[PDB]
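*Asks:* Using the sequences and the accompanying hints, generate a full structural model.
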Amino acid sequence: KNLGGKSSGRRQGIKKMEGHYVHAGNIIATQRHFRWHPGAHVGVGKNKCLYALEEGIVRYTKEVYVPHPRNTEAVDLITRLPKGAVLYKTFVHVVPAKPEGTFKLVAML
Amino acid sequence: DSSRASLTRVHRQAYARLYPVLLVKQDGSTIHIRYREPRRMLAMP
Amino acid sequence: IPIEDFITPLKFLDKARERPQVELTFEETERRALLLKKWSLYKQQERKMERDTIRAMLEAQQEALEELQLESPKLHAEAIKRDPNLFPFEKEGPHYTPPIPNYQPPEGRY
Amino acid sequence: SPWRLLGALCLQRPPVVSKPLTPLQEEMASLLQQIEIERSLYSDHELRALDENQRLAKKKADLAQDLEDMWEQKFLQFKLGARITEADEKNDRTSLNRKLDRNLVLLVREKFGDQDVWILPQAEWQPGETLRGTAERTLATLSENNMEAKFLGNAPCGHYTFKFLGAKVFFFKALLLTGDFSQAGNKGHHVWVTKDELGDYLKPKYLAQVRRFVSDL
Amino acid sequence: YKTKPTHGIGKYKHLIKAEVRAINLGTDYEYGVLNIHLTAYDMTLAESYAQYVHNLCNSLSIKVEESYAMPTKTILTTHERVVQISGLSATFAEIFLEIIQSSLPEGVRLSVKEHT
RNA sequence: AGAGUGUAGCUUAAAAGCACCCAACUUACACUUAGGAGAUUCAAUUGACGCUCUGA
Ligand SMILES: [Mg+2]
Ligand SMILES: [Mg+2]
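Residue numbers (the entry's author numbering), protein chains in the order written: chain W, 40 to 148; chain m, 34 to 78; chain 8, 83 to 192; chain e, 43 to 104, 116 to 217, 227 to 279; chain f, 48 to 66, 77 to 132, 150 to 190.
No lab work stands behind these hints: they were computed from the structure.
One or more of the hints may lead you astray.
[Unchecked claim] Pairs of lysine-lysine residues, derived as DSSO-like cross-links and limited to a Cα-Cα distance of at most 30 Å, are as follows:
#, chain 1, residue 1, chain 2, residue 2
1, f, 64, W, 122
2, 8, 163, e, 203
3, f, 130, e, 127
*Replies:* See the structure below:
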């Protein structure tokens, strides 16, 4: 009677952990729902994947969730909280290692 | 302080003129009630 | 059963031409706008009076059940109780004239 | 401790006549008509007064004013009862129509063995009767009438204690719906007092502060 | 993570209450639901006094569930509005009632009728 | 008479920030947007105008 349910595992979760060196475009963590939210130099795909935007070192932190005011679901969850309540979510950052370029001497004109 | 919620305004948008018509219920109870075609003296037995 | 009278009447649409003239001068708008500010300070004062008589009387009434707590431990456990007589409560507001002389009580009612 | 047991009651007469307006409020009133008139939508009184007279001008170039004349005469016919039944008497301090706009409270004279104190209505009590029952009994001992007073709860309102042997007075709140105050010129000294004369009849520090828990309006 | 001291830093449903008779148990005595009927023949006088008791309750942290109205009766239509109140303490009961008494504008009648 | 003392309603704010009032959208509340009123109790850390209490 119970047919179906033979789905394989998604193999989602963190691909690059804390402190790992990560180039631009490396997928940091694939997820199904928003477990980790993006932070500094980390983008989101259509399927909620977290890819890195700069070359750097991955850091996981906890900061205050302030949703967008057009996101009417979370704002209506924000305005039911008591007066001292602060939400938190785990954010994933990339601390950019290299600078974006130097000034090199080309030619003495 | 029976003048708190009597300084009013019809808070609708489609409403006609409403005249401060004085009404008496049965016994000499003169009460201002907004009512059309201003009578200024209304009564019921 | 959800039936109400908030519905706008159908007759209040068609003949909307009776006042196409909404104009004031400068000084009539000036004296009205001074009135809205002086009434904004006025009701702030009137609700400042009621925030006194609510707070100060509650101060006396909580100190009363503090005084009736210490000096009679069997009588402040009964002043908390509720009278069953406020269930059919009703009170008319005030008027202009306390009622009348005898009579004359007349309208044809139809 | 030796407790002289005293329960008491301030009655609150509800004002039957609403207060007159203030010079800013009548401007706040007359402004509130003019914006309401400007935002109204074609009443049938102005339909049969403005649209008709154009057409009544039309048959004459080739009535509603008589209606409004009938409404001024009856407004002046049936004359109004007095909002002020106070400026005529001015000395009948026992009257239930002493002040119609304000909050009135019973206040009588009592005489003690050591004191001669104008008093708010008191009574001795016993722990056999409930405290809401003592204030129920105060309605028909010193007043001698058939009033209908209404209490709200069982909690007190004002507590000032004085000692000689100890004593406490407990001020409760009621409200008259009606009143059959028979023989209003009684042998007592009952005065209905708004607020300012409560600082005139009750001098000492356990009686000059009854005004802190009566409604200020 | 579970094994870290920052476990449960982002949980929030214990801060949201997502989902009546007269409650006089041992000392903490409070009413059930109340209804406040205000009938007057002015829509201006009934709508504006329905606001003030709601503004009086909000300034005293008294829970107002509904503030609806029942329809009119053609006598001339009498407009009636219901203001639902829950929860008064012993000291609050006489004081919260007497201010709505001491603010009734012009010939509107109160009610502390109850549900159903 | 004595003690505690004292910034608008509150402030381990130092002339502040929240509370607060009206108007318009809202049945209403709420939100928002337009506006509104505000104080260091006076005199040189000190002394005496005001409030709270313990007394007669
Ligand atoms: Mg599976
Ligand atoms: Mg499988």
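*Asks:* Any of the earlier hints contradicted here, and which numbers?
*Replies:* none
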